[PDB]
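**Student:** So the chains spell out like this:
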Amino acid sequence: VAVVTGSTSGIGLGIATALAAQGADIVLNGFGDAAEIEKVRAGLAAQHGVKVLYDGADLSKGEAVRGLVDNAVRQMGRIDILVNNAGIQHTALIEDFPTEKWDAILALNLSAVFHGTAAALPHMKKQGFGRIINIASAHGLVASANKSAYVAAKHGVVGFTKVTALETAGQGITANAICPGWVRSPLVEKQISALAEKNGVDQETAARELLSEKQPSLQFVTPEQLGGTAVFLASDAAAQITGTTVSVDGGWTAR
Amino acid sequence: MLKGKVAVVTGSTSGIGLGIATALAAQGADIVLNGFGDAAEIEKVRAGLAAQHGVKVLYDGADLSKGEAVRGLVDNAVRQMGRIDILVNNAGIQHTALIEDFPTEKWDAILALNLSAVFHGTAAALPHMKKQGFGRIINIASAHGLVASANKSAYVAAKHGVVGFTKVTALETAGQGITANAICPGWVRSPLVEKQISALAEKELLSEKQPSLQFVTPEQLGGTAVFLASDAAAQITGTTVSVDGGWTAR
Amino acid sequence: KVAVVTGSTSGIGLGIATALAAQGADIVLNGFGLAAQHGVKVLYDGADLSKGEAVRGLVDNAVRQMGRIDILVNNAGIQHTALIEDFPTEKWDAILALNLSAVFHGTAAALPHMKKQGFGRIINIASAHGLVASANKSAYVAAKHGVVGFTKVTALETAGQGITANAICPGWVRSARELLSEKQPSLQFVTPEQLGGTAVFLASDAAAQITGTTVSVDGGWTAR
Amino acid sequence: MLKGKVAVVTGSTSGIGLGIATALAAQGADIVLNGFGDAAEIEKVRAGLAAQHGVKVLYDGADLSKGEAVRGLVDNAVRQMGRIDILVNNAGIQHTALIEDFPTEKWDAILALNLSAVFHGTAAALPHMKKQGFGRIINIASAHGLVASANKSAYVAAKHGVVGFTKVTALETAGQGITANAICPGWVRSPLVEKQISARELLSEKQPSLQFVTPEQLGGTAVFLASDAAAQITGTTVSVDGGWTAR
Ligand SMILES: NC(=O)c1ccc[n+]([C@@H]2O[C@H](COP(=O)([O-])OP(=O)(O)OC[C@H]3O[C@@H](n4cnc5c(N)ncnc54)[C@H](O)[C@@H]3O)[C@@H](O)[C@H]2O)c1
Ligand SMILES: NC(=O)c1ccc[n+]([C@@H]2O[C@H](COP(=O)([O-])OP(=O)(O)OC[C@H]3O[C@@H](n4cnc5c(N)ncnc54)[C@H](O)[C@@H]3O)[C@@H](O)[C@H]2O)c1
Ligand SMILES: NC(=O)c1ccc[n+]([C@@H]2O[C@H](COP(=O)([O-])OP(=O)(O)OC[C@H]3O[C@@H](n4cnc5c(N)ncnc54)[C@H](O)[C@@H]3O)[C@@H](O)[C@H]2O)c1
Ligand SMILES: [Mg+2]
Ligand SMILES: [Mg+2]
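Respectively, the protein sequence lines represent chains A, C, B and D.
One point on numbering: in the deposited numbering, the residue at position 80 of the first sequence is 85, and numbering is uninterrupted.
Numbered per the deposited numbering, the second sequence spans residues 1 to 203, 214 to 260.
Numbered per the deposited numbering, the third sequence spans residues 5 to 36, 48 to 190, 212 to 260.
Numbered per the deposited numbering, the fourth sequence spans residues 1 to 199, 213 to 260.
Simulated from the structure, these hints should not be mistaken for laboratory data.
We treat Cβ as the ideally placed atom computed from N, Cα and C, and that holds for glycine.
Label-pair restraints from in silico Cβ distances:
1. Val193/C / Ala51/D: 48 to 54 Å
2. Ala109/A / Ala109/D: 50 to 56 Å
3. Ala212/B / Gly61/C: 54 to 60 Å
Covered, in the sense of this in silico footprint (three residues per stretch, anywhere, with C-beta under 8 Å from a C-beta of chain D), are these stretches of chain B:
4. 103-117
5. 121-131
6. 140-147
7. 155-163
Using the sequences and the hints given, assemble the complete structure.
**Tutor:** Right, here's the structure in full:
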């Protein structure tokens with residue numbers, strides 16, 4: 006049983022899918038269109054021989070996050086994997102950064118990770134097994150201007166991830182944080198557009214520029230690729246891979 | 001020297017912050033103190049530094065857990081001192097427990113002061129520093145902003161958050177005469193640590219984290235802050251300066 | 005696929021050689048049964064990598080005997096403990112010769128073909144000592160940090176050409213529990229198998245965009 | 001200040017090294033310069049620093065590409081100046097080229113100077129510093145000791161090794177009144193970079222501040238590291254890169 010937050014879109018959907026395909030029962034979560042979401046839940050459950058549940062908890066609130074985990078154990082019988090992926094973005098200079106936006110990014114991008122982890126650990130320890138996979142970002146290791154809340158939160162996730170690993174040292178549980186580079190999800194398309202209109206160029210020229218500025222390989226990372234990474238971390242080969250970061254950024258953090 | 005400059009140091013009524021405010025005052029910087037404790041002892045410290053170093057020293061008891069109070073502290077510093085060259089975001093609290101036993105109220109509190117206050121203070125200071133063409137933002141993080149320790153999930157997450165926030169601050173101000181850096185201390189024997197010293201007694215703990223087996227002093231951190239505030243550090247920005255007796259090398 | 009695991013005669017290199025076998029890759033052993052147990056062309060080249068010529072050779076020696084080169088695993092390396100002042104200049108150059116220079120030679124001989132093919136997976140076996148240090152191991156830690164940095168440059172030089180380069184930084188393996217207690221929080225050694233799977237994973241097409249980085253398999257070593 | 005202390009600065013006949021030796025001299029420390037160049041030009045610099053700062057200044061043209069010469073520089077320093085409090089391993093060289101087009105000659109050269117010299121120089125100084133109860137090894141690494149660039153494999157490789165070596169040096173000396181740290185600078189407009197400028214937009218790619226780092230600033234940094242306020246700063250890197258590594 007694997008619970009993946011914000012798994013109704015982009016990266017989360019990729020990791021949810023890739024885990025289903027490994028025989029794990031999935032608990033979807035996130036927003037968007039209800040009809041399309043049910044179509045995703047049913048599809049995955051019938052495309053792979055596994056139980057797929059949907060819990061639309063709003064992770065911007067601790068209780069709701071812990072609630073998602075307790076109810077996930079109550080309806081699935083157990084929780085093996087917790088992929089804390091749900092996240093949002095907002096760009097502006099520090100002095101123009103709305104407090105409300107700062108609060109929202111910290112509550113979802115960082116605090117949800119704490120609440121989910123805190124509710125999951127008790128079940129994982131008692132069962133002698135556990136896999137906590139936090140979706141941080143290259144921005145959990147380096148920074149970019151105008152993304153203070155995001156960079157702070159992502160760095161927070163990396164830090165919290167390490168603590169989780171140390172508290173669970175050898176108990177059959179491991180906590181890690183994938184740190185993706187650009188992934189052309191809706192979260193990045195909004196920026197591509199912003200860049201496209203900023204320099205009066207077309208949607209595809211801005212995409213290439215935004216990509217070359219940070220990504221050496223000049224190629225976007227994929228949810229499927231990220232799913233493959235999440236699956237590996239879930240594997241037995243990664244039994245001793247804990248409290249670390251795994252960068253899938255095509256050279257972003259190398260230079 | 002820092003004559004003619006104004007430094008605001010949060011949580012400077014004691015510990016690390018007091019050593020930093022003192023070191024800066026000894027360089028001729030005007031100072032704005034902040035923090036809690038005994039009001040009489042705070043006034044003695046405030047008047048004492050002003051007299052000993054011949055600088056102007058004000059006190060502002062803003063409760064840093066409140067965003068608007070943090071921004072108010074910076075703005076009133078500018079209104080009363082005339083400018084703000086150095087912002088030292090040092091105030092912070094701790095709490096130990098397993099992630100599962102970690103009180104939510106404790107999580108929110110650590111984050112609000114240890115991380116959010118750095119944001120609020122920095123946001124308030126930036127506009128003034130950009131206009132001034134000069135600026136030095138010094139965030140007191142910790143070795144825990146680079147590595148972790150069990151039972152300190154909130155603290156480590158916040159500290160790491162500060163490190164990241166510092167890098168973003170540096171990038172948004174790069175080339176404008178402003179730098180942003182995070183000093184990351186190792187063990188420093190102050191009230192925040194003597195409390196953990198006594199705790200372990202009911203059950214020389216440097217061997218664990220600090221390879222040199224020596225404590226870092228408020229004075230040494232004050233000297234590091236004075237260095238980052240100097241002109242030789244004009245191109246030192248968006249980075250961490252570890253003062254941890256080897257903590258992070260191994 | 006064709007993978008050249010150096011120092012794969014024993015320990016970690018063996019584990020990596022083994023795992024790449026199970027995935028259907030033609031192993032090109034090295035160092036000082049599997050061909051049948053896995054159904055692959057397993058060769059042996061005892062070329063001593065402590066010589067840039069031997070290394071640059073061991074590579075091309077596979078481009079002709081295997082006809083192809085897809086995966087290069089620079090694993091071979093030695094260790095010597097001694098204070099910096101008491102550290103033999105002989106050993107220093109030895110540790111740097113193999114542990115670091117061999118990677119640059121092997122990599123220098125591999126890239127030309129990988130770029131031609133349009134596919135490559137350079138996997139260097141560094142160490143936690145490529146990110147952190149320990150007293151009395153100045154040559155190892157230095158070389159390892161060196162590998163780490165070299166790995167990053169190899170990645171930037173091959174970014175977007177279908178070739179990646181990463182560094183696995185293993186923690187305590189087995190080639212006592214008080215030794216673990218001090219560096220490994222999990223208190224459980226890392227196995228060549230796990231390293232094999234990791235190397236396997238890094239070779240996966242899922243790690244296509246994973247380049248110029250390090251994968252710490254240390255049971256928590258670097259986390260604290 | 002640094003009155004009574006002796007500081008050896010490798011490759012200090014010009015550029016960064018000279019700026020560091022000059023800042024240390026200004027604090028009152030006796031200086032041992034090292035490097036190549038014109039005999040009269042070097043003497044002018046040597047005699048000038050000594051006269052201007054009121055300290056003793058020796059010049060040793062030892063070739064640091066040789067392990068014994070490097071160790072000889074240090075012993076000669078202790079022989080002439082009577083002690084060694086500060087060692088700044090700064091001499092270095094550069095060569096750009098693809099890993100495949102990279103001359104093995106250049107690879108081993110860059111490694112012996114940029115990396116082995118730090119080792120040799122440090123081994124020679126430690127016995128003296130441990131006996132003294134005080135020491136400061138200041139290695140001049142680079143932003144490339146933490147991150148990398150294309151076509152500088154040997155350079156990046158060497159710098160990272162220095163960074164790692166610095167950490168071991170610190171652990172092996174922890175608590176003995178000795179610290180070892182590595183300054184990692186970004187672009188400094190000197191010959192090492194002027195040869196690449198030919199081969213305000215060169216900064217634009219790596220240095221956010223769009224301003225070069227100066228030898229004076231690196232010297233001020235070496236001075237801070239040698240001060241007592243830095244007694245507990247050891248085994249770490251100090252980046253002076255205008256934001257290079259922040260992003
Ligand atoms: N796209 C990138 O370039 C990229 C790469 C590095 C890391 N990241 C991280 O990847 C993760 C996934 O983002 P993505 O790029 O797939 O974006 P996305 O918008 O496509 O997906 C975000 C998901 O979060 C869910 N979500 C938002 N608010 C929520 C709330 N309050 N409660 C519950 N669910 C909520 C959404 O419904 C959605 O399914 C985020 O944590 C993001 O910061 C993004
Ligand atoms: N003590 C150590 O060993 C150590 C290790 C490295 C990093 N740190 C960091 O150093 C900083 C200083 O801590 P310290 O060790 O001097 O502890 P301390 O408790 O002695 O000092 C904390 C200061 O914060 C002020 N403060 C607390 N809450 C406040 C609020 N809401 N509003 C305004 N002021 C408030 C206090 O009045 C006090 O002056 C903290 O950010 C801490 O996390 C400390
Ligand atoms: N300038 C930069 O942009 C930059 C970037 C960060 C790091 N670095 C590092 O700074 C240090 C100094 O570089 P610089 O820019 O001042 O260059 P430089 O060439 O101006 O100075 C190098 C000095 O080293 C001496 N030297 C060269 N080979 C020697 C040998 N074999 N033995 C003894 N001395 C020798 C020279 O005589 C010269 O005085 C190097 O270690 C370099 O890697 C420089
Ligand atoms: Mg460590
Ligand atoms: Mg970088």
